[PDB]
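J.: Chain by chain, the residues:
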Amino acid sequence: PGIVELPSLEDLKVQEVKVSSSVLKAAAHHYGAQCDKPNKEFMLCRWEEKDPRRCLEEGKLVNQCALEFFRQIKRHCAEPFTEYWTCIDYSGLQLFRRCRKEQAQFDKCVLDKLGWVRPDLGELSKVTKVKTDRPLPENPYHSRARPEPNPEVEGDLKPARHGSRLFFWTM
Amino acid sequence: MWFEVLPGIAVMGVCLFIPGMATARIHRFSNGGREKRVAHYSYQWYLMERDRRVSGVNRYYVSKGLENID
Ligand SMILES: CCCCCCCCCCCCCCCCCC(=O)OC[C@H](COP(=O)([O-])OC[C@H](O)COP(=O)([O-])OC[C@H](COC(=O)CCCCCCCCCCCCCCCCC)OC(=O)CCCCCCCCCCCCCCCCC)OC(=O)CCCCCCCCCCCCCCCCC
Ligand SMILES: CCCCCCCCCCCCCCCCCC(=O)OC[C@H](COP(=O)(O)OCCN)OC(=O)CCCCCCCCCCCCCCCCC
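Line by line, the protein sequences are chains A and B.
Per the numbering used here, the first sequence runs over residues 1 to 171.
Per the numbering used here, the second sequence runs over residues 1 to 70.
What the hints contain is simulated information worked out from the structure, not anything from laboratory work.
Don't take each hint at face value.
[Claimed, not checked] Cβ pair distances, simulated, as ranges:
id, chain 1, residue 1, chain 2, residue 2, range
1, A, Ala-145, B, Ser-30, 58 to 64 Å
2, B, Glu-67, A, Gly-115, 53 to 59 Å
3, A, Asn-139, B, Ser-30, 48 to 54 Å
4, A, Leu-136, B, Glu-67, 40 to 46 Å
5, A, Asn-63, B, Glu-67, 14 to 20 Å
6, A, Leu-114, B, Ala-22, 29 to 35 Å
7, A, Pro-119, B, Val-5, 44 to 50 Å
8, B, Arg-52, A, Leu-136, 36 to 42 Å
9, A, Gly-115, B, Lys-64, 38 to 44 Å
10, B, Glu-35, A, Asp-133, 42 to 48 Å
11, B, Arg-25, A, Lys-131, 51 to 57 Å
Note that the Cβ used here is the ideal one computed from N, Cα and C, for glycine as well.
Starting from the given sequences, assemble the full structure and let the hints guide the process.
T.: Right under this line is the structure:
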């Protein structure tokens with residue numbers, strides 16, 4: 001069949017978010033609050049195109065928005081954030097319930113200096129709506145032409161011509 | 001009298017104290033002074049292998065924070 005069409009290595013180069021999973025988990029709720037729109041454009045493009053090769057520009061916008069998010073954290077509230085993700089990072093399961101005072105420090109400094117509000121319980125799990133400008137994929141499964149079905153039955157059901165026609169049975 | 005049973009119970013209690021304190025100090029020794037990462041589920045393992053990739057020294061416990069970005 002056809003040759004698979006991959007993007008080049010220069011199409012995949014982007015400045016990475018080189019932070020740990022506890023760093024990402026510490027500012028996860030503010031990341032969901034502040035980086036909503038390009039992330040949801042990307043995940044809508046990802047569930048509609050069903051192809052990661054059709055989602056590279058949206059992923060690059062995701063990475064750019066995440067980098068601007070952590071640069072906006074680092075300029076204003078770097079030390080309460082470091083105090084908070086170190087305490088998140090200590091735990092094996094990385095509990096949020098173990099670190100509520102460092103969370104209160106980080107959320108206080110973030111609300112005072114950056115105006116960000118941490119979302120309530122239930123908000124990040126909402127199904128939102130996304131205003132895209134790309135067209136809707138007309139055939140994302142690349143489904144070919146379907147086979148035409150067998151013809152249905154029609155007409156009034158007349159009696160059997162001369163019965164069963166079973167050798168001599170006249171009915 | 002009855003306190004004569006206490007040296008044996010004390011030795012048995014030290015022998016029960018050694019495995020737990022030992023594995024706690026070993027999990028803090030092999031993980032950078034922290035708890036061992038519990039990866040019961042595949043998302044926790046994906047985050048853990050992402051830590052192993054972003055640390056650069058093939059160790060998940062090397063935490064990289066805001067100093068690793070510009
Ligand atoms: C307004 C409302 C009121 C209207 C009223 C109208 C009616 C008035 C009269 C009232 C009574 C009606 C009776 C039924 C209608 C007539 C049926 C008929 O004669 O068909 C001829 C039928 C075919 O001949 P035909 O000249 O082409 O058709 C003339 C008509 O158009 C026949 O019409 P057809 O073309 O539409 O027939 C359709 C088709 C025509 O037939 C065919 O297409 C051929 C295939 C038939 C079956 C062949 C099977 C062969 C292998 C098995 C053999 C088994 C052993 C034989 C018997 C051993 C002894 C029991 O019939 C069948 O296939 C039915 C199966 C056979 C049963 C026949 C009816 C029996 C009714 C009484 C039962 C009493 C016991 C009888 C003995 C049991 C065995 C029959 O003849 C045979 O098959 C010969 C076998 C004997 C038939 C039975 C005769 C009926 C009267 C028996 C009275 C004496 C009983 C004595 C005591 C019991 C035995 C010891
Ligand atoms: C996790 C913790 C586990 C701990 C397990 C052990 C619990 C008990 C701890 C020790 C308690 C005291 C033990 C005393 C042993 C008996 C000593 C004794 O009386 O030895 C006398 C015997 C003869 O001496 P002799 O020179 O002939 O005397 C003439 C004097 N005019 O001399 C001899 O027989 C020679 C010397 C023998 C010395 C034996 C010492 C005890 C060995 C027991 C094994 C376990 C020890 C602990 C191991 C873990 C810690 C290092």
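J.: State for each hint whether it applies.
T.: To see whether the hints hold, each was checked on the structure:
1. A/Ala-145 to B/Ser-30: 58 to 64 Å: Because 60 Å falls inside the window, the suggested range holds.
2. B/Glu-67 to A/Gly-115: 53 to 59 Å: At 25 Å between Cβs, range violated.
3. A/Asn-139 to B/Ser-30: 48 to 54 Å: holds, 52 Å
4. A/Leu-136 to B/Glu-67: 40 to 46 Å: At roughly 43 Å between Cβ atoms, B/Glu-67 and A/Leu-136 fall inside 40 to 46 Å, so the hint holds.
5. A/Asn-63 to B/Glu-67: 14 to 20 Å: holds, 19 Å
6. A/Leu-114 to B/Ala-22: 29 to 35 Å: Cβ of A/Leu-114 to Cβ of B/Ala-22: about 45 Å, so the range 29 to 35 Å is violated.
7. A/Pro-119 to B/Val-5: 44 to 50 Å: Cβ of A/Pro-119 to Cβ of B/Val-5: about 59 Å, so the range 44 to 50 Å is violated.
8. B/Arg-52 to A/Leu-136: 36 to 42 Å: holds, 39 Å
9. A/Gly-115 to B/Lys-64: 38 to 44 Å: Roughly 27 Å apart at Cβ, these two residues miss the hinted range, so it is violated.
10. B/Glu-35 to A/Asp-133: 42 to 48 Å: holds, 46 Å
11. B/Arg-25 to A/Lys-131: 51 to 57 Å: Because 55 Å falls inside the window, the suggested range holds.
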